[PDB]
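Number of protein chains: 2
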Amino acid sequence: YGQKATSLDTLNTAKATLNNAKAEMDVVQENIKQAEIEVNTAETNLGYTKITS
Amino acid sequence: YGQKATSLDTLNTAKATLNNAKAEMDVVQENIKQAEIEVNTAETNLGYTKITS
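First to last, the sequence lines map onto chains A and A'. A prime marks a further copy of an entry chain. Per the deposited numbering, the first sequence starts with residue 132, numbered consecutively. Per the deposited numbering, the second sequence starts with residue 132, numbered consecutively.
These are calculated hints, taken from the structure and not from any lab test. Hints are supplied without guarantee of correctness; some may be wrong.
As the list makes no split between identical chains, a pair holds if one copy fits it or if it spans any two.
Result set (DSSO-like, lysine-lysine): computed pairs, CA atoms no more than 30 Å apart in a straight line [stated by the list, open to error]: (1) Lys-135 with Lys-153; (2) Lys-153 with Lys-164; (3) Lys-181 with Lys-164; (4) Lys-146 with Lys-164.
Only chain A is shown next, with the shape it has when bound in the complex:
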């Protein structure tokens, strides 16, 4: 964009459509979490396999 032309309208694509990419990846982190979590709790509702004394 320092090369005079490349209209801001196509830099702005890149800016906001970088942050959207980045953030749409964060969402899939928090989802990775929630799935790891709810899976450990889904084996911790499987504590009950001897009913330990």
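Got chain A; can you put chain A' on it based on the hints?
Structure of chain A' alone, referenced to chain A:
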């Protein structure tokens, strides 16, 4: 173009394609001339209409 975006590639259209308009009008001036000229000479080869004494 002072309004940040409007890529130089579309300002340059306007610049050079102003000068081309302007200049393509000059050409038609010099043509207007050459036609006015060659028409007066085309009536001055019509001096010969009495062969004046």
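Hint check:
1. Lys-135 with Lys-153: both (28 Å within a copy, 26 Å between copies)
2. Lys-153 with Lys-164: Classified as within; 17 Å inside a copy, 67 Å across copies.
3. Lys-181 with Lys-164: within (29 Å within a copy, 111 Å between copies)
4. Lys-146 with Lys-164: within (27 Å within a copy, 57 Å between copies)
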